[PDB]
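Q: Below are the chains, spelled out letter by letter.
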Amino acid sequence: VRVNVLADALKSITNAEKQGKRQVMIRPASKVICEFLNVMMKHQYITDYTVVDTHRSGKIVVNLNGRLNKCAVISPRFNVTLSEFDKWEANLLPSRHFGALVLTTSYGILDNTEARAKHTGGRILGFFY
Amino acid sequence: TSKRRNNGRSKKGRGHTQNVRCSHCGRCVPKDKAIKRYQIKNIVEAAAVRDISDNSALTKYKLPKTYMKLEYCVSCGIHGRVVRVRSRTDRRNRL
Amino acid sequence: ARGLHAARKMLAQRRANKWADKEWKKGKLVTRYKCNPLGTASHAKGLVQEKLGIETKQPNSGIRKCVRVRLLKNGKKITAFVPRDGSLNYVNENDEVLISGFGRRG
Amino acid sequence: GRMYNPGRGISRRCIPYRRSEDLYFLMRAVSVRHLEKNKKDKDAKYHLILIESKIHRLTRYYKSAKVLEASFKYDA
RNA sequence: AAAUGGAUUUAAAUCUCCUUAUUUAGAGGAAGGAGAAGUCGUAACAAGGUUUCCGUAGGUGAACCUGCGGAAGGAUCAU
RNA sequence: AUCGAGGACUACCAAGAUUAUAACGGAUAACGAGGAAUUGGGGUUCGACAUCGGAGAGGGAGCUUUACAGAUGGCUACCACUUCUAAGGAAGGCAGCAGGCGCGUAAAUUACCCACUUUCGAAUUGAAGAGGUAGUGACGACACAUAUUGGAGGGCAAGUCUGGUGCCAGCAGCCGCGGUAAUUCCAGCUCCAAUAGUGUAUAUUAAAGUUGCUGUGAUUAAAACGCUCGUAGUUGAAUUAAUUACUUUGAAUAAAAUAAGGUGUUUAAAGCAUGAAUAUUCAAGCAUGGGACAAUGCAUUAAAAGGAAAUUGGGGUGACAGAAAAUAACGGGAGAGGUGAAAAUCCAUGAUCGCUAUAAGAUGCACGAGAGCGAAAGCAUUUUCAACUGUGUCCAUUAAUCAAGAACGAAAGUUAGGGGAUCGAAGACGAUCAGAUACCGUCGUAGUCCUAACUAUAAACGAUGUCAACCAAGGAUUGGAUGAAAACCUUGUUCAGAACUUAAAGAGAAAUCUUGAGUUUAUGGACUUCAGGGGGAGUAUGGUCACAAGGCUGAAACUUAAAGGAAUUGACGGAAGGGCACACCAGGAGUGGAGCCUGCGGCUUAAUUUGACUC
RNA sequence: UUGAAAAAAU
RNA sequence: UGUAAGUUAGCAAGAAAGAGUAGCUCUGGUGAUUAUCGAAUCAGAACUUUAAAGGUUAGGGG
Ligand SMILES: NC[C@@H]1O[C@H](O[C@H]2[C@@H](O)[C@H](O[C@@H]3[C@@H](O)[C@H](N)C[C@H](N)[C@H]3O[C@H]3O[C@H](CO)[C@@H](O)[C@H](O)[C@H]3N)O[C@@H]2CO)[C@H](N)[C@@H](O)[C@@H]1O
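Taken in order, these protein sequences are the chains called sr, sB, sy and so. Under the authors' numbering, the first residue of the first sequence carries the number 2, and numbering increases by one thereafter. Under the authors' numbering, the first residue of the second sequence carries the number 2, and numbering increases by one thereafter. Under the authors' numbering, the first residue of the third sequence carries the number 2, and numbering increases by one thereafter. All the letters of the fourth sequence, read from the start, carry residue numbers 2 to 21, 86 to 92, 94 to 99, 101 to 143 under the authors' numbering.
Some hints here could point you the wrong way.
The list that follows gives simulated cross-link-like pairs (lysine-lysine, DSS-like), each with its CA atoms no further than 30 Å apart [claimed, not checked]: (1) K109/so / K32/sB; (2) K29/sy / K88/sr; (3) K4/sB / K37/sB; (4) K13/sB / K109/so; (5) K12/sB / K133/so; (6) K19/sy / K88/sr; (7) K12/sr / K19/sy; (8) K13/sB / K140/so.
The hints are simulated quantities; they were obtained by calculation from the structure and are not laboratory data.
Could you put the whole structure together from the sequences, leaning on the hints where they help?
A: Listed below in structure tokens is the structure:
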């Protein structure tokens, strides 16, 4: 069954950009799914999205412009200590200036670029090139 | 690996089909794996069809035809020249 | 078995799946101390009993001079390869001969 | 998809976009236990096992909802 | 307060039943492996000259043969 | 009772404690920690031995002194040892420092002194095989005079040097080199790597993405349970403007050591001669800022999650047909079965053949399909359950996968009845063959069929586990719903199902796959099982189930450089298709038969010289 | 219709 | 209280092996009728002795 709603959402976006689609639909829209797209919009990997109200966790339409390379979820969210960031950057990211991790912290959803500044850790949701 | 995509037979959604007996050697072969040919032949061959009409007690008698369905297996289906070995890219022909 | 709380299945799987290698398993079975004539020893001292010559395998030809040596710690019989050319003469009957493995491990 | 048969139907009711027993109906198990007259009906014996587990699945859940007292037990 | 008698405690040592590890058992019996040119056959790889193989049962110096069902990894994707 | 809490022990009372989150038991060549070897991150192996804690003084057992001993360089008894003896007796515990025997591949002097550090004492002094110096010391570490080891075919640096040996000696960790011209052997000359170093054998680590959380594979190389149900376990849709986990900080946290801050032991290995704040603490624990994600149970929905309340269904159970053979009567008088050819066999008691009747056994053609149903096995004559679709119906997370456990599970096989027509393991004849104990022909017990009870294996195959999201183009099919065309036929939209064609795209080692074998070095959706070179071998032993055959679980000793997968070329086929040749058909001449010329083999000889041996 | 075999290594 | 190999799964089995048993004085359990009445049976506790089936009957075992 649907174990991780975020996992099925991200693979839909990754597959859509590999086919050159202009906008894709994700039927469920949790809080983290919308929050994850907000992290990818500050980096300008997507232009904008929308949240159709269907009374059953309505769909999301993501507007993308050939910029997202690989957005993926991470299997059960590992506890990322602040000192452990360097372990994951060197593996999950292509280069020290390109990739962007996504983490969940008590102060809200944050990316690796800003969560280091906020001086906090927590679980990890995924990444995107 | 797989010389054929459908493994020679022609069954997809069923796990068993009743056996039939080959018409030449009498070898138990499945219904779909068998080679089915339908033969229509007049009992009187063309070399003798006009011989009957010269001396026939009837007036407008039309000679009937024999209706037999022959099923062969691969062992004597190929040996009987019913089917032959085809090219690798010519195997997919199904007409 | 990727789940965060499933750290017992993964560990138990590796404990089960580690026994199938031919190399490390030799390091946990009690056979080195039992069936290996050398045991865990580098060298084995023995006594000469018989002089024997083993012919080579199919592609090659010739007779390889060898000696059947009986150990002093286990008493087992092992065939030993006399090292050099014409060196079978140097060895004698009932003398201390050192036996130490071969190139291939064990 | 269905719990037991590998069929995947999606027929549903669609409650419109505006705002302006099940345990009892499964005790099918009684109707099958037809079994006495046809003891060799091995296909009905298998299908009865599926229905028996279906009831033993709502029992385990209804108890945690306190709908049924924890002394509930299904016997024919 | 010394020898010594007796009754308890902790009990060494030993005899009889009760499991783990190491050994003697002859040639003994039944297996397996290795070693250029040793016998008998043609079983397999071409349609290998009876298509091959799987499960099961029987037979037979030997591969193996035959019965029931299955498979194409068949020699047919086909009338 | 003990200094002290307590089943520590005693008397009474109740039956309670652990257990799949691995209880109880078994092995270690197991003293634990600080740490050591090696690491890109992650990890693997070792740790008796510097320091801390634990235990022991040949083996337990019992006690003395004392503040602390179950003390053993204290005592006693027993078991096993050793020493002197006047033959009556006596003491001893080197797992303390040296040293002796044995054990082994394996390990130093039967030296001197309390000077450095420290401890004990009747206390400034006396004692210490603790401690220090000296001695052996190629385990190792640092600076450094000017000499060996192994090799010179590839991995790997180096000889297209000369003598011998002639698949024999031999070298070779691996591939191999040697059967009279050795780049590899035994030797003579030369230089290649390292240098107080260098070969050898064993073990640890990296390579090994060959143990895989980071990080593997499961169609064909090894490997998806035959399928389904199911407990433990793991994983569980969205939504809200009291603990625990998570996360940020601190406190305390043995030294040695890890990386070092400083410091010219001449550098360095060293050493700490200001003592780096030195950071260390994985696992746990204490206090604290935050609650996004999370686990625990006392109020929103209505998930292309699930479950419950007009059709389709060779889905499961129970209660018409003539073929082959037999029997009966009738016609006919000589063959009939069978094979490439025959024979054994049946027939003058009338066979084979033809019409008509009778009874049981079995079967279910044509319709019959890359069509349908079923979890799998499977399901084919007519006259209880599963699924799809329709649905402004109900519940609200009831969900997915699943060790243990259980149901169903082709054919053969077992047991007892009924039946026993056709075919037919064993078997008997007849052929073929060198033999044939087989293929071919004839006969025939078990079986093939039904019932009841077992067995639980198959190429149980799509060699492809189950659930879930995305996924290019096209024809066609089965069952529904909705429109037009007025149950069937043509067409549009849409849901479910078995499949198919193309791909210049994606994957793969390739064949191939596309309703994945795609979304994977740009590696993580959730779960279960299996595999680690080939043999030994699914064998032995052990356990368990079965009336039995057998099934499920199931190694090692030893042996070996390959075994195996997909495609290319060639060759081969008692495989096919297309052509050709005095190859053959229709023939002529012949050779082979006779005498003789000549060549060859053989015999002979002093020599009867030798090359050639199917075209 | 019948039709079996070709000593080990270079 | 405990009881092996083997096995036709029924048996082997009273397998083998070990503990208790006396006398006297007591206590409790097992019922009928509404406190009385009746039965031999089992268990437990003190105290004593010449330490208890053995006068008779009465398996040797592997
Ligand atoms: N390896 C065990 C088994 O050996 C079986 O067969 C074994 C023997 O029967 C077989 O023997 C072969 C023989 O078949 C062949 N026709 C003649 C050959 N000379 C024999 O060879 C055998 O024996 C000779 C005797 O000197 C040895 O020199 C030679 O090394 C050895 N292989 O060789 C095998 C090993 O000795 C089967 N191959 C198989 O079941 C299995 O491999």
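Q: Does each hint fit the structure? Answer for all of them.
A: A quick look at each hint next to the structure:
1. Restraint check: the Cα-Cα separation between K109/so and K32/sB comes to about 28 Å, which is no more than 30 Å; the hinted pair holds.
2. Between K29/sy and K88/sr the alpha-carbon distance is near 34 Å, which puts this suggested pair outside the 30 Å criterion.
3. Distance restraint check for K4/sB and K37/sB: the Cα-Cα separation of roughly 21 Å lies within the 30 Å cut-off, and the hinted pair is therefore satisfied.
4. For the given pair, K13/sB sits about 26 Å from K109/so by alpha-carbon distance, which is consistent with the 30 Å threshold.
5. Annotation: proposed proximity of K12/sB to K133/so is violated, straight-line Cα distance about 52 Å (limit 30 Å).
6. Distance check on the hinted pair: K19/sy and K88/sr sit about 27 Å apart at the alpha-carbon level, within 30 Å; holds.
7. For a cut-off of 30 Å, the pair hint linking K12/sr to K19/sy is broken: about 35 Å separates their Cα positions.
8. Straight-line distance between C-alpha atoms of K13/sB and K140/so comes to about 45 Å, which puts the hinted pair past the 30 Å bound.
Hints 2, 5, 7, 8 from the list above are not met by this structure, while the remaining hints are.
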